[PDB]
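Student: Below, each chain spelled out in residue letters.
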Amino acid sequence: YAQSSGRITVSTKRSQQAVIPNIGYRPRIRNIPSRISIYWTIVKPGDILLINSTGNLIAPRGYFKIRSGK
Amino acid sequence: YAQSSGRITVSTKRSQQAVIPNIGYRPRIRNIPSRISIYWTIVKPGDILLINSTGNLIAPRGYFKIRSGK
Amino acid sequence: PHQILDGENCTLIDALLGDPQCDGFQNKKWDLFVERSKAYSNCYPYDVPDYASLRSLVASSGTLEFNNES
Ligand SMILES: *[C@@H]1O[C@H](CO)[C@@H](O[C@@H]2O[C@H](CO)[C@@H](O[C@@H]3O[C@H](CO[C@H]4O[C@H](CO)[C@@H](O)[C@H](O)[C@@H]4O)[C@@H](O)[C@H](O[C@H]4O[C@H](CO)[C@@H](O)[C@H](O)[C@@H]4O)[C@@H]3O)[C@H](O)[C@H]2NC(C)=O)[C@H](O)[C@H]1NC(C)=O
Ligand SMILES: *[C@@H]1O[C@H](CO)[C@@H](O)[C@H](O)[C@H]1NC(C)=O
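Each protein sequence line maps, in turn, to chains A, B and C.
So the first sequence is numbered by our numbering: it starts at 1 and just counts up by one.
So the second sequence is numbered by our numbering: it starts at 1 and just counts up by one.
So the third sequence is numbered by our numbering: it starts at 1 and just counts up by one.
Because the hints were derived from the structure by calculation, they are not lab data.
Ideal Cβ placement from N, Cα and C applies to all residues, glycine included.
Please note: incorrect hints may appear among the correct ones.
Restraint-style ranges between C-beta atoms, simulated for each label pair [what the hints assert, rightly or not]: (1) C/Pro20 / A/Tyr39: 15 to 23 Å; (2) B/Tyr39 / C/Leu57: 22 to 30 Å; (3) B/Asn31 / A/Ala2: 43 to 51 Å; (4) B/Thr41 / C/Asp50: 42 to 50 Å; (5) A/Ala2 / B/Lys70: 53 to 61 Å; (6) C/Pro20 / A/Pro33: 37 to 45 Å.
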């Protein structure tokens, strides 16, 4: 990511999520010593999703149509 | 700790815990203006406890053998 | 009576994320995602900070339909 430390600020008009990566060693899973933390953001109609990232972003490819049911 | 800032990443094969020391003044208890926030990690059989740190670590001495009962 | 979606060594979060061994669940609706005890992961290791909350949220949504955004 070409910088020493990244910073991600994914926010809307009703919420704010700022996450900083934690560089360090982990036990190897499938020969991978790194991890990925999965976050979610829900955007209401009329709201605006804004994504900031200096680095270390696993970017979304779209939205899942969340609904209510049984 | 010979460093301006510490960082502790106690991680296992299914969870990670990264904490940052918060240098600052606090009200004195027993003539101590500092605190030690206590964290815990549970290692299941087959997992690996990887404690990596660069400072401000209150290191463990062993395991406590948690179980299930009454 | 209910649209049952089988596990087939896939978790709901893995099917949400797009596991290559779970690509058959893309854009799939359900009424009950039956998770199997034989489920595992065959991709990059990940650690959801609120795994139960995300899993319950996606299960209450009850659809994996996905619209790509430019
Ligand atoms: C940022 O702001 C905080 C405010 O909370 C400051 O913290 C206080 O700092 C003062 C000054 O250091 C502290 O006062 C000290 O308290 C000690 C404990 O007092 C108990 O024990 C003594 C006996 O040892 C009893 O007499 C007393 O009644 C209490 O039961 C004292 O031992 C200290 O005494 C020292 O100084 C005196 C001179 O004043 C000498 O004569 C003594 O020999 C000894 O060297 C001192 O009085 C106070 O406890 C701190 N906490 C709080 C909650 O007030 C930070 O200092 C400040 N930091 C900066 C950089 O500004
Ligand atoms: C996972 O499931 C698929 C089909 O459901 C099966 O072919 C495959 O063998 C399973 N994986 C393992 C490790 O058994």
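Student: Let me make sure I understand: some of the numbered hints might not hold for this structure. Which ones are they, in numerical order?
Tutor: Of the numbered hints, 4, 6 do not hold.
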